[PDB]
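Asks: Now for the letters of each chain:
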Amino acid sequence: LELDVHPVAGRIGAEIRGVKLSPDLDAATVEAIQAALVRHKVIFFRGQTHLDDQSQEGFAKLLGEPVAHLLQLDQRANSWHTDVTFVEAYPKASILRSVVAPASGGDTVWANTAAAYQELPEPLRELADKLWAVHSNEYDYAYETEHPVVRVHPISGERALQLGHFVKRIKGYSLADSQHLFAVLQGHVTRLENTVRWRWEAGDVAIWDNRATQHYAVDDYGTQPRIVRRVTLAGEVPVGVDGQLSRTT
Amino acid sequence: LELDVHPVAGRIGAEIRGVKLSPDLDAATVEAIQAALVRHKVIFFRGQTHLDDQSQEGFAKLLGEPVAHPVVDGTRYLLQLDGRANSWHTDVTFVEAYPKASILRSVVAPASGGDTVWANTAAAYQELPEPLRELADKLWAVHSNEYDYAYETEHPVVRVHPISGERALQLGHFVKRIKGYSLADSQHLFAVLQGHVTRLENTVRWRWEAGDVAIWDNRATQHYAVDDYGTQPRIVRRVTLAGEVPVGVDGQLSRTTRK
Amino acid sequence: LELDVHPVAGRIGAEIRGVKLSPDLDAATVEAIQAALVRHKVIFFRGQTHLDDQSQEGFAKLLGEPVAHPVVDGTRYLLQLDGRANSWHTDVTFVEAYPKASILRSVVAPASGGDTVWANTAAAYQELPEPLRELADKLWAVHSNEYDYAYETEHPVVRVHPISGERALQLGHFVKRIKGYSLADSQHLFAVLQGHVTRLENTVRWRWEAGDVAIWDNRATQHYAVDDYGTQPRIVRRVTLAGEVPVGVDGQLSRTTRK
Amino acid sequence: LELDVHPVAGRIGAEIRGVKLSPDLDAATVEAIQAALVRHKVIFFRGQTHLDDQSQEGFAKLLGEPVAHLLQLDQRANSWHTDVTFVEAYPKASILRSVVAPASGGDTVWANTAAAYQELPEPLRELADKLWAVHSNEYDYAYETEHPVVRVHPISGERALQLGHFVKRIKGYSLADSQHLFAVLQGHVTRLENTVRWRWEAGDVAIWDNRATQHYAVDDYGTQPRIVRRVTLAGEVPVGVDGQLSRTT
Ligand SMILES: [Fe+2]
Ligand SMILES: [Fe+2]
Ligand SMILES: [Fe+2]
Ligand SMILES: [Fe+2]
Numbered sequence: 013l014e015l016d017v018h019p020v021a022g023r024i025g026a027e028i029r030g031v032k033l034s035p036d037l038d039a040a041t042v043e044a045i046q047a048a049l050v051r052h053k054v055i056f057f058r059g060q061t062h063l064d065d066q067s068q069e070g071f072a073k074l075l076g077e078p079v080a081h093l094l095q096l097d102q103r104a105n106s107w108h109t110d111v112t113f114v115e116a117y118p119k120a121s122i123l124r125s126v127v128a129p130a131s132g133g134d135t136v137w138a139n140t141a142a143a144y145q146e147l148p149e150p151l152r153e154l155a156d157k158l159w160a161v162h163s164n165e166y167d168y169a192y193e194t195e196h197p198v199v200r201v202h203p204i205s206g207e208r209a210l211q212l213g214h215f216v217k218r219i220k221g222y223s224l225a226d227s228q229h230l231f232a233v234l235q236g237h238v239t240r241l242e243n244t245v246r247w248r249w250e251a252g253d254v255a256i257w258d259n260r261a262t263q264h265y266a267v268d269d270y271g272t273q274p275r276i277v278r279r280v281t282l283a284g285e286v287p288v289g290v291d292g293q294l295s296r297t298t
Numbered sequence: 013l014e015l016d017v018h019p020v021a022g023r024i025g026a027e028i029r030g031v032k033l034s035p036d037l038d039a040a041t042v043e044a045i046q047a048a049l050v051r052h053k054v055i056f057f058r059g060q061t062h063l064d065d066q067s068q069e070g071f072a073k074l075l076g077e078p079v080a081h085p086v087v088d089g090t091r092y093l094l095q096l097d098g103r104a105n106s107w108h109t110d111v112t113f114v115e116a117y118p119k120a121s122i123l124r125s126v127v128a129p130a131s132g133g134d135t136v137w138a139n140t141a142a143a144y145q146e147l148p149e150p151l152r153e154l155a156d157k158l159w160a161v162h163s164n165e166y167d168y169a192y193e194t195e196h197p198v199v200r201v202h203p204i205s206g207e208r209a210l211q212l213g214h215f216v217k218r219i220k221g222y223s224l225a226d227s228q229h230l231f232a233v234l235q236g237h238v239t240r241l242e243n244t245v246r247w248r249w250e251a252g253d254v255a256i257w258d259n260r261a262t263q264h265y266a267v268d269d270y271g272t273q274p275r276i277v278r279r280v281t282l283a284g285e286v287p288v289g290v291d292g293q294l295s296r297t298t299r300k
Numbered sequence: 013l014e015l016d017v018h019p020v021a022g023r024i025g026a027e028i029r030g031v032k033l034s035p036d037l038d039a040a041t042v043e044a045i046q047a048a049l050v051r052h053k054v055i056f057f058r059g060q061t062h063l064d065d066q067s068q069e070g071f072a073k074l075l076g077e078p079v080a081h085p086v087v088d089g090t091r092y093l094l095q096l097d098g103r104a105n106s107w108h109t110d111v112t113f114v115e116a117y118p119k120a121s122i123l124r125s126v127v128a129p130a131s132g133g134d135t136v137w138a139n140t141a142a143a144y145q146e147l148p149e150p151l152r153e154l155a156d157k158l159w160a161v162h163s164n165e166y167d168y169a192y193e194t195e196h197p198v199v200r201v202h203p204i205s206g207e208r209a210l211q212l213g214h215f216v217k218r219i220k221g222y223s224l225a226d227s228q229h230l231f232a233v234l235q236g237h238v239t240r241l242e243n244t245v246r247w248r249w250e251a252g253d254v255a256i257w258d259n260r261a262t263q264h265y266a267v268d269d270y271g272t273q274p275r276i277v278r279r280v281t282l283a284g285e286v287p288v289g290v291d292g293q294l295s296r297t298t299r300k
Numbered sequence: 013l014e015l016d017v018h019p020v021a022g023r024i025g026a027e028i029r030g031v032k033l034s035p036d037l038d039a040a041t042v043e044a045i046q047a048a049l050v051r052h053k054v055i056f057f058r059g060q061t062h063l064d065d066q067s068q069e070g071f072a073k074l075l076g077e078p079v080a081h093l094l095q096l097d102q103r104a105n106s107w108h109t110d111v112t113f114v115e116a117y118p119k120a121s122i123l124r125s126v127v128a129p130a131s132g133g134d135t136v137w138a139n140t141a142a143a144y145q146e147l148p149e150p151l152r153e154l155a156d157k158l159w160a161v162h163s164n165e166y167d168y169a192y193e194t195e196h197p198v199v200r201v202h203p204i205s206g207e208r209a210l211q212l213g214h215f216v217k218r219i220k221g222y223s224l225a226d227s228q229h230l231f232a233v234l235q236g237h238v239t240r241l242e243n244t245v246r247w248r249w250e251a252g253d254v255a256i257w258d259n260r261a262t263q264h265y266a267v268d269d270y271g272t273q274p275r276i277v278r279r280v281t282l283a284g285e286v287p288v289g290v291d292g293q294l295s296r297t298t
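Those protein sequences? They're chains A, B, C and D, same order as listed. Heads up: the first sequence is residues 13 to 81, 93 to 97, 102 to 169, 192 to 298, going by full-length UniProt numbering. Heads up: the second sequence is residues 13 to 81, 85 to 98, 103 to 169, 192 to 300, going by full-length UniProt numbering. Heads up: the third sequence is residues 13 to 81, 85 to 98, 103 to 169, 192 to 300, going by full-length UniProt numbering. Heads up: the fourth sequence is residues 13 to 81, 93 to 97, 102 to 169, 192 to 298, going by full-length UniProt numbering.
Watch out, some of these pointers could steer you wrong.
Unchecked claim - Listed below are the simulated DSSO-like cross-link pairs for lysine-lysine, each with C-alpha atoms no more than 27 Å apart in a straight line:
#	chain 1	residue 1	chain 2	residue 2
1	C	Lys157	B	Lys157
2	B	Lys220	D	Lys217
3	C	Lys217	A	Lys217
4	B	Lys157	C	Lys220
5	C	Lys220	A	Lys217
6	B	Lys217	D	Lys73
7	D	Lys157	A	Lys220
8	B	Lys217	D	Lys220
9	B	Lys217	B	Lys300
To be verified - Residues of chain B clear of chain C, computed beta-carbon distances all greater than 10 Å:
#	residue
10	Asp38
11	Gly70
12	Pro129
13	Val201
14	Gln293
Simulated from the structure, these hints should not be mistaken for lab results. Where a beta carbon is used, it is the ideal one built from N, C-alpha and C, also for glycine.
Given only the sequences and the hints, what does the whole structure look like? Please build it.
Replies: Structure follows, in structure tokens:
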């Protein structure tokens with residue numbers, strides 16, 4: 013199927029039109045969705061007002077096995108992160124529905140961590156390839194794992210930075226050097242060029258490849274009500290450039 | 013007059029609908045647009061597909077005295096940007116009285132990428148803890164035209202806005218250094234204050250369509266042109282309006298120091 | 013009494029000669045040593061090869077009330096450091116009333132490396148431009164005992202010294218964060234102020250010989266033990282003297298917040 | 013000859029006793045000096061009060077060809108640098124005599140740039156190996194050259210960071226990334242452990258391997274008089290890990 017896919021930004025994000033999301037889509041719509049997702053890192057479906065907790069949950073299961081910690096968020104995820112990277116097999120994907128949408132503010136921003144890696148000069152990609160980092164849940168908006198800083202993506206084979214606010218430190222370097230190296234690689238992920246911002250409407254859905262993005266939820270809506278609900282899908286164990294695996298410690 | 017005003021982001025930015033920009037809008041509509049501008053820092057008008065080089069110029073004049081910098088043919092003041104401003108700045112802060120405002124029109128608009136992001140330098144200011152507001156009040160910076168996408194001047198880091206009375210951070214990528222401080226100290230003080238300006242909360246991103254027009258209060262924003270569109274054509278045209286001499290928290294004024 | 017005092021570095025540090033440290037020095041010699049200490053921030057006595065665990069302890073008591081922290088046998092208060104403090108700090112700033120002073124003796128001294136460097140936190144303060152003195156006055160930091168080489194407390198960043206009246210930076214590697222600021226802002230404000238403390242100009246390095254003794258005013262220094270000697274034995278023994286509760290620029294006092 | 017060599021710090025610097033410096037030392041004393049210099053990166057000779065402008069200059073020539081820009096310094104070199112790295116063939120060595128020595132202050136500090144490199148974790152040495160930097164004389168205390198950040202030392206073969214305040218930027222990286230990477234590699238050079246500080250007496254001489262050190266002159270002596278005089282020796286063209294050479298641009 014060629015679905016109706018309109019890219020949102022130069023280097024990540026696509027709206028998909030003419031698809032009402034259900035627990036009843038057929039393998040072709042589902043696979044096309046899954047390739048749009050790998051290609052564009054985050055995908056959006058508007059006017060999905062027919063959807064409700066249970067359709068979301070049953071629509072989710074069509075794309076892998078759901079995992080706990093359906094989550095409700097209402102306090103606010105404004106730091107750049109990849110969902111649950113303090114566990115070994117952190118989600119492969121998240122599906123997020125807008126239940127209550129603020130009139131101004133309330134946006135969400137995604138960063139493509141594959142392209143982030145691609146744009147690093149070669150010597151700085153070689154070094155990213157050899158680094159590992161400690162993820163902890165000292166930080167949660169809603192455990193200590195070691196992940197390689199470069200995740201070879203189990204399906205595209207695309208390499209992506211595996212970083213974000215869950216990172217406690219880079220293994221094997223002083224405080225000062227871990228901050229400097231994390232600032233470099235991290236500031237490549239959040240470079241504006243590598244991101245896409247979604248202004249939400251009630252009933253909008255977004256689905257992202259957590260193996261290959263970070264995201265941040267803008268806290269600018271003061272006390273306007275904002276409720277979003279999230280389903281995540283279990284993910285594989287991260288494999289680094291040299292084949293080594295993540296290990297929870 | 014209450015224009016039909018839809019805020020884009022929590023802290024900056026408003027679309028204005030039902031207004032057809034021309035050299036012939038009445039004083040009232042202009043005043044209301046001036047109020048939206050000061051309040052929202054950047055305002056957007058979609059579907060101005062009737063505008064052209066000359067009407068953009070004539071429309072500009074209704075909001076102040078346009079000024080140049085090499086301009087588009089047929090025009091007195093129009094600067095074309097194409098073949103990129105991907106760097107947080109405030110326009111021409113390397114001169115003493117930098118534009119108070121720029122009016123930008125989309126001529127050619129990439130199918131994907133091509134966006135622009137504005138930051139609310141007055142909100143950046145309000146959010147800093149008192150002691151660091153106090154320090155920002157007391158600093159000065161040298162701006163230069165080394166780093167231009169399209192001269193040295195000394196500006197306070199905090200500009201008292203000549204109409205709102207709101208204080209704003211005055212920084213961006215025209216800054217060579219903070220006057221009075223080592224290089225390491227300059228970079229760390231700059232990095233703190235700048236990082237409030239660009240904090241996502243303080244920004245608004247616009248996706249352009251041919252005929253979109255944006256107007257921003259350059260006294261109280263920085264902006265950034267996102268360079269993600271490859272070789273897709275992107276043509277925008279800009280008119281700037283002459284601005285006043287910035288006045289610091291304690292009345293001091295900027296001074297050009299190389300020309 | 014004018015002791016025989018030779019300054020080591022331009023801005024901190026003095027060797028004192030012709031004095032044999034004992035539990036039996038007269039009030040005069042002690043007062044003169046107290047004056048050298050406050051003036052020079054760290055003072056050095058070579059060739060105290062007669063000192064031992066007990067005489068070090070007895071000598072300490074002549075300068076204030078010694079305090080502990085697991086101590087050396089035979090002693091009430093003596094801490095042994097060996098098998103390393105290579106990190107700029109001020110002693111035990113994770114407690115509310117941290118030592119005002121430590122007295123350190125070299126027991127075993129590497130043939131090469133093994134040095135120690137002190138920084139004059141009061142000079143670090145004097146050298147900052149007025150506006151950044153003003154900001155440093157207004158800040159507070161949390162110190163913790165996460166990072167120890169040998192509890193959370195809140196200290197002003199500027200301590201008014203209880204005898205000299207000199208203000209000093211109160212920072213070092215016991216600081217977890219600046220209270221009231223993001224992580225990025227804390228690290229940048231910390232990095233600015235710290236970088237004045239350790240600026241080479243403000244420091245003095247000592248090469249140890251067995252029997253060297255150093256005494257520093259812990260209210261107005263940081264120090265650092267240089268880790269360059271490999272597996273060469275290094276044994277030093279330290280006695281700390283109880284200190285007052287730090288008082289900030291505007292009279293506020295530190296408060297322990299976890300124990 | 014085993015000369016009388018007493019190391020000053022754990023990882024750089026040695027005083028040499030029982031040697032009066034002259035234009036008349038014999039090849040054995042001179043070679044032993046040259047090996048002490050390569051081994052310990054900086055070497056010091058006390059009580060050389062017999063020395064004067066011309067003996068210095070004639071003692072110098074016994075260790076390579078002198079090069080201009093005998094220099095007099097009196102304003103002050105307090106930034107970490109390697110002498111003349113804005114030229115292609117910057118000095119291999121400097122010889123510095125203390126003419127007037129302040130009573131307190133006035134010290135000098137050297138950093139061993141070889142050991143600095145040695146202590147970097149492997150992946151961060153691999154990346155240093157591939158970097159180049161632009162040296163300029165926008166900064167002089169007393192031209193734009195590209196040097197590799199890692200100089201393979203023409204005699205020891207020891208690799209050393211080639212950095213310092215003459216560096217305008219790292220070639221091939223944004224402003225922000227060049228500052229972050231330079232801070233990392235640079236803060237390894239100036240780590241206290243890698244340095245040695247000399248308190249000068251009138252007539253003290255110091256000679257350093259500029260291929261393998263940086264140094265900084267402490268400005269803490271206010272208006273006390275301080276005069277030192279320096280002779281430098283021409284050096285080879287820097288060769289990087291991969292054999293490429295520096296090029297003045
Ligand atoms: Fe999340
Ligand atoms: Fe601009
Ligand atoms: Fe200590
Ligand atoms: Fe030099």
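Asks: Compare the structure with each hint and give your call.
Replies: Hints, one by one, checked against the model:
Only pairs whose Cα atoms come within 27 Å are accepted, and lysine 157/C paired with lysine 157/B is accepted, the gap being roughly 15 Å. For the given pair, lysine 220/B sits about 20 Å from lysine 217/D by alpha-carbon distance, which is consistent with the 27 Å threshold. Proximity of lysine 217/C to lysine 217/A is assessed by CA-CA distance (about 14 Å); at most 27 Å being required, the pair is judged to hold. Proximity of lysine 157/B to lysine 220/C is assessed by CA-CA distance (about 22 Å); at most 27 Å being required, the pair is judged to hold.
Of the supplied pair hints, the one linking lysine 220/C and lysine 217/A holds, its CA atoms being roughly 20 Å apart against a limit of 27 Å. Of the pairs offered as hints, the one joining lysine 217/B and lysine 73/D is violated, with about 44 Å between alpha carbons and a cut-off of 27 Å exceeded. Between the alpha carbons of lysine 157/D and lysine 220/A the distance comes to roughly 22 Å, so the proposed pair stays at or under 27 Å and holds. Using a Cα cut-off of 27 Å, the hinted pair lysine 217/B and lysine 220/D holds, with the two alpha carbons roughly 20 Å apart.
Of the supplied pair hints, the one linking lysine 217/B and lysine 300/B holds, its CA atoms being roughly 15 Å apart against a limit of 27 Å. At the 10 Å boundary, the C-beta of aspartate 38/B stays outside the reach of chain C, the nearest C-beta of that chain being 47 Å off. The claim that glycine 70/B lies off the interface holds: its Cβ sits roughly 46 Å from the closest Cβ of chain C, which is beyond the 10 Å cut-off. With a minimum CB-CB distance of about 32 Å to chain C, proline 129/B clears the 10 Å threshold, and the non-interface call stands.
No Cβ of chain C approaches the Cβ of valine 201/B within 10 Å, the least distance being about 18 Å, so the stated non-interface status holds. With a cut of 10 Å on Cβ distances, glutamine 293/B stays outside the contact zone with chain C, its closest approach being about 14 Å.
Checked against the numbered hints listed earlier, the structure breaks hint 6 alone; every other hint is satisfied.
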